[PDB]
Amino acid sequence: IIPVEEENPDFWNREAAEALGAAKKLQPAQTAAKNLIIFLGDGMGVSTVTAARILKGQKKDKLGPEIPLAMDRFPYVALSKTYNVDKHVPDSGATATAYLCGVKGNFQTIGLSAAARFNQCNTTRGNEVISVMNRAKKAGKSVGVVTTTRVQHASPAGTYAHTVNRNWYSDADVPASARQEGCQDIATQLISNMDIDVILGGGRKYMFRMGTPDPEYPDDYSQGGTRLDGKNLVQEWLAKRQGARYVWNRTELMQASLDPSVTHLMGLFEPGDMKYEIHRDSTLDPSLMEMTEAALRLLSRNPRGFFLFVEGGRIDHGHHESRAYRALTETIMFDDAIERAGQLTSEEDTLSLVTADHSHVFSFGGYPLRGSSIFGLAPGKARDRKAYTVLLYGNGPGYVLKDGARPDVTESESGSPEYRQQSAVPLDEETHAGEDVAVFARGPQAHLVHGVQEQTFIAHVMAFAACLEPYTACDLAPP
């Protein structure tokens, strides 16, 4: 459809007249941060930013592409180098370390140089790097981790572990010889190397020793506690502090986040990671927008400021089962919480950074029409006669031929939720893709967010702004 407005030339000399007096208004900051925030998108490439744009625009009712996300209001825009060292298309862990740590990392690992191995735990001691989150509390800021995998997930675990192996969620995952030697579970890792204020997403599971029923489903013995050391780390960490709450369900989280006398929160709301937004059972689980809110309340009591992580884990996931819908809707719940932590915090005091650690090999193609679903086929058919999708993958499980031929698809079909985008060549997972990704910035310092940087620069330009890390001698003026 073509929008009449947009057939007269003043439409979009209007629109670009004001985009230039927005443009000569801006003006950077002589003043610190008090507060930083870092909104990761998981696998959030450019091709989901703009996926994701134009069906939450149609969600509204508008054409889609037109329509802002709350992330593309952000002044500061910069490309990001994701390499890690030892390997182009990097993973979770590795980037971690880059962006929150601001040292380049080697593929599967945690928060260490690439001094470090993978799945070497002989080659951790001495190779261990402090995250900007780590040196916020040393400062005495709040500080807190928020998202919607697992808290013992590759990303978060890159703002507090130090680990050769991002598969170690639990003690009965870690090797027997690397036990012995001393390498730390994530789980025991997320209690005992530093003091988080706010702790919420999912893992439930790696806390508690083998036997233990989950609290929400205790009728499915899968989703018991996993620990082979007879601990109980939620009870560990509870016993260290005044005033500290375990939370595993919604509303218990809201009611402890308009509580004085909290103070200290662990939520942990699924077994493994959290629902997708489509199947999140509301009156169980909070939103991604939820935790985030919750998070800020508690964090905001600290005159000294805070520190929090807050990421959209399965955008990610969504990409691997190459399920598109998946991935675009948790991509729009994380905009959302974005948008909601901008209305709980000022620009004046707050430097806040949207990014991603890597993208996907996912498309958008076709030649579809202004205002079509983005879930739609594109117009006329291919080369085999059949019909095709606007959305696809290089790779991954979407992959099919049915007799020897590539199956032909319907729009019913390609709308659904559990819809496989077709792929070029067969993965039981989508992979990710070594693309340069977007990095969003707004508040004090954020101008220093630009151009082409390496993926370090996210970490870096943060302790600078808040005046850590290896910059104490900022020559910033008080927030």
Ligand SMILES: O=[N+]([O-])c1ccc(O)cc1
Contents of the next structure:
Protein chains: 2
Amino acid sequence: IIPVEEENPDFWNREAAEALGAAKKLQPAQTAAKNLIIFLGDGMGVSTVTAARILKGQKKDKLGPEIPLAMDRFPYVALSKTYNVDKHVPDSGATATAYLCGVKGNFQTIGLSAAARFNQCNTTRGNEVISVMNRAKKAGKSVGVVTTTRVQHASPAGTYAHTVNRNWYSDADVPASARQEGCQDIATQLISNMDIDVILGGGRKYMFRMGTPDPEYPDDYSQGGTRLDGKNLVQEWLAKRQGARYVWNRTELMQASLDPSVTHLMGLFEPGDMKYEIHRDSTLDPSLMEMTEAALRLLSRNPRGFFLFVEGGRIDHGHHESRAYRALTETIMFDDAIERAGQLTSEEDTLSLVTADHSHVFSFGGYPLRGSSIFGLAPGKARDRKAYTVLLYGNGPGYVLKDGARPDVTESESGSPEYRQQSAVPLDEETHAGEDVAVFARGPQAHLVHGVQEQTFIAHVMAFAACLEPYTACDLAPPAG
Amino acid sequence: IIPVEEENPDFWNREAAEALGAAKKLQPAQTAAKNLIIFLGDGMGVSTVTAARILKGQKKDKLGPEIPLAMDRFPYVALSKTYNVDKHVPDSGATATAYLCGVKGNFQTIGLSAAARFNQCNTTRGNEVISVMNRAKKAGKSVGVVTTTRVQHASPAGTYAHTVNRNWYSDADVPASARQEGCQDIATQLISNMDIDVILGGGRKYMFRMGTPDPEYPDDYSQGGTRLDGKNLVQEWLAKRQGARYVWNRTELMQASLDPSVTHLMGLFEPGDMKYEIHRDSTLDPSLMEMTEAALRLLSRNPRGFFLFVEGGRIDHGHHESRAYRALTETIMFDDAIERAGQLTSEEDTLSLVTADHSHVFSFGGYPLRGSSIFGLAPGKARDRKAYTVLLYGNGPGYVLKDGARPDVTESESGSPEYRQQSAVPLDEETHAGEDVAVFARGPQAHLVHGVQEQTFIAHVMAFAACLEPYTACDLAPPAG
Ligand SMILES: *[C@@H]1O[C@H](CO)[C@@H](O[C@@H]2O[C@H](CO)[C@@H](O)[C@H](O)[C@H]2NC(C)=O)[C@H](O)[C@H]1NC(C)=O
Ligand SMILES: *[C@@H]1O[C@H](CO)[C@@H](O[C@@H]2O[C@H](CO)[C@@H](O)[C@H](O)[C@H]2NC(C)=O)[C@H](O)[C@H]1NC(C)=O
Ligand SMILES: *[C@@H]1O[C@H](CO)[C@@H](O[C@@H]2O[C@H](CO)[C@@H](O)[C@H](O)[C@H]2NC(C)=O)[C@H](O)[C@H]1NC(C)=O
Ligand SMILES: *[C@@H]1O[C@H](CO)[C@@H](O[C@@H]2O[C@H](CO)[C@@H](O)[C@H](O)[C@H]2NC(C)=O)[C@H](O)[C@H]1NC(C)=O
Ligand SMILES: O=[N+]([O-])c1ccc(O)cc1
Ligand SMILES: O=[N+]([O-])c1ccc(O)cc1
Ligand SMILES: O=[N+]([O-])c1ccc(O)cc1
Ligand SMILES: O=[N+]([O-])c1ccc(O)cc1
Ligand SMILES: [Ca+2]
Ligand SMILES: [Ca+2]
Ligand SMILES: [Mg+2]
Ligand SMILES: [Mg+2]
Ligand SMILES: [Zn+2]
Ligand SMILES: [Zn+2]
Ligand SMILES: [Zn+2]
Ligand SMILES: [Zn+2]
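For comparison with the form solved without the named molecule, please write out the form deposited with the named molecule bound.
Whole complex next, starting from this chain.
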């Protein structure tokens, strides 16, 4: 459909004039950032962003592509080069090292330089690289990790852990030789490496000994504790801190986030990853946006500021399943969380970066009409006289041959939350993609986010803006009020 | 392969420190742009850019992803929203209207507001939107159109033409009713609508009457003149201007570009589109980089400055064939032309924008090792136990079923210049993609290129920087020396 108002050149001329005016108004801060927020859309490449924009636009009864996402309103944009040292198409572990520690590493390692080797515990020591979040804590800031994945997953783990193997969630995952050599599982590192004021997400199971019933699924043993060392990491964590509270559900999170006496908060809301937003139990589980607000309630209390990590962690997972409906609905909730954080913090003193660790082989094509569903069919048949979808994958589990040929697709089918878009190559999981991702930035020193940068730049600009090591001689004035 | 130097965190810390220093040094101009250059990579989305970077990096005996493209060195980056008014996934015609005239239009129309309708001649009048190039000419600047496609193709046509139908190359293409109603073919508009100082690219055939032997293929009648109105548009064009020269080959282009008496230059180097760079006859045909230099030699003579359009027009075509080797080799030559223009002009007085009209459903995935060929196989077999390529398409003519199944692929095969990467959906031509593309900017007022913008912003920022209508009251100081 053609919006009548857009037929008039004046519409476009007025908008562009408005855009130029806004562009001219942009000025760099002379002051430091009190607070640092990184919003990480795991797997949220450029094609995910645009597709999510269209979906969200239509959610609010608009045509789609013309409505800005919250992230679209960020003034400063750069392209981020995501390659790991050893692989062109990266993983979450080694990209975390780049955007959180400012050093590139090798595929599937976390918080380690590329002198380390994956799954070789004895290459660990001397290669630990300290995250910006760790450095923010050392400077007396409060720090928060918020994600819809396990809190021990690769991305959040980049804020606190150093490991040659991202799969080492609990001691149960670490080979005897590595345990003997002192390589700690990530759940242990979560509670031991550094003080973290707010930890919100999934990953209950790795914190408790085998046999421990999950409090929310006490009748499903696969959801229970995983530990073989007899440790209760939650109790150990609680015992280390006065003001500390552990919650496993939304109601308790709410109570804690408003409780003046709660100084340390660990909320682990599922045994593993949190449910997709479309499957979330809104009585039992906080959304990413709600966890973000909960984190902000506690973190904002520290006069010295905070570092907050917020991950749209299951965007990635949606794409891996080649279920764009899940990828994009996670992306919109991620954008809602970004919007909410913006309402609760001031760009006068808060440097906010939105980025992705890497992209996916997700594409948005065909020649669909303005206002058509992103989950719809491309107008016109493919060369095999069957329909195809506007959303497709290069590879992944949507590759199907029914009776020797590519199956036809209907709108009802293509529009289902369970639908897997077709791909060129069958894989159990769709792969990451290696192309540049966006960095969006707002707040003090955000203007430094520019051009085409190595992914490591994200960590460095944040450390610089807050005058953290190695930029304590930042030469910036104190954060603005 | 893991580069030893990258194993040391110092390598990454030093680079990022260097990046921060460079970022801090950036300052906005207070002065206008004397010259305007738009480099348009047709179809050159984010995944094309990164893939081209890797290929070019390895061309110069490096690992790939760590080596900047010429365009990567541009300080200012924005994301551009490419939707046409009527379609989410756009064409070149209506995107040209946006980035050249500053108004969005309807799919397959050029230089017209969205009140016009495709292929309806009688909806033309009153909807003409004037390009920045036209406005630059009105202000006394010299103007140049340089492309590897027909000069009457959608992109270059956006600089000078207004038509409801991009397919109207010569009068032979225009229906009788439209001819009767005064809708001029693009070749006529090329010579009639405005004065253009330099016109370089393909499209000889549309300029000459049927029966006219092409001077370069006088034995292939399909390459001859197409016109049914008896017009020789080249002679008509030459007759309109003293100092005017027509060339159809590289040697004559060279001579003209250095000739002080040549004030108007039309070089049409193929009957239709120019050959892919990999097929170019370097004795008969100028590369895009050479045409760019030829254009610059003449355009730079005007003390009032110039507007130059330079298109990597066949990047798009490579992707349509799903032959990434062609898409990416065109992209590298486009980047070489960008580099060359930068050596021949000063960012003190020249605003240079590099962008794409739209992207393609091209993806870069699998998990290939550092330094591996971009045209190589993903490590490890697909779910069907056959190999697959790191480069794939969502749709297009690389979809194959040999004997009921996805064919295996070898490195020798995947690496051929004729190889079509596989896709999920068979189409004669791979489709454009609707996701945001990059805008890169350098020079006076380039800092205004920021954030996420409508594609129309490209035209407006250029007009504003040069203080052209509708921004003659730009409030900028004269261009710097
Ligand atoms: C990490 O530990 C492994 C396992 O013992 C070491 O690998 C051995 O190295 C020796 C000497 O090169 C070889 O002869 C053996 O074949 C290796 N054993 C295995 C099981 O692979 C390795 O050298 C250690 N690396 C460091 C940094 O100490
Ligand atoms: C959220 O978690 C709280 C804290 O564990 C749960 O509160 C317990 O509920 C049981 C059963 O109703 C009671 O016997 C206890 O008094 C509660 N424990 C504490 C320490 O408060 C609560 O039930 C959970 N909410 C939901 C909806 O499951
Ligand atoms: C453009 O020309 C076409 C062709 O004559 C016009 O279309 C006709 O419009 C009348 C009135 O609505 C219809 O009864 C006919 O069916 C149409 N004919 C065809 C061939 O489609 C159209 O109205 C013209 N538009 C303008 C702006 O004048
Ligand atoms: C490039 O174009 C020029 C100009 O048309 C060609 O020059 C002509 O060549 C023919 C055959 O050799 C001569 O009879 C004429 O004297 C030339 N014409 C003019 C006006 O100079 C030239 O041959 C072309 N070059 C190539 C390599 O084909
Ligand atoms: O032994 N276990 O793992 C158990 C036992 C009881 C229960 O409700 C849950 C788990
Ligand atoms: O847990 N919290 O602090 C919350 C919970 C729900 C909500 O809507 C906002 C904040
Ligand atoms: O009639 N024609 O189109 C012709 C005739 C002669 C020739 O060499 C080329 C084309
Ligand atoms: O036609 N030209 O002006 C040219 C031709 C070739 C070249 O290498 C540079 C410029
Ligand atoms: Ca739960
Ligand atoms: Ca030629
Ligand atoms: Mg993650
Ligand atoms: Mg083009
Ligand atoms: Zn990831
Ligand atoms: Zn992933
Ligand atoms: Zn195009
Ligand atoms: Zn195209």
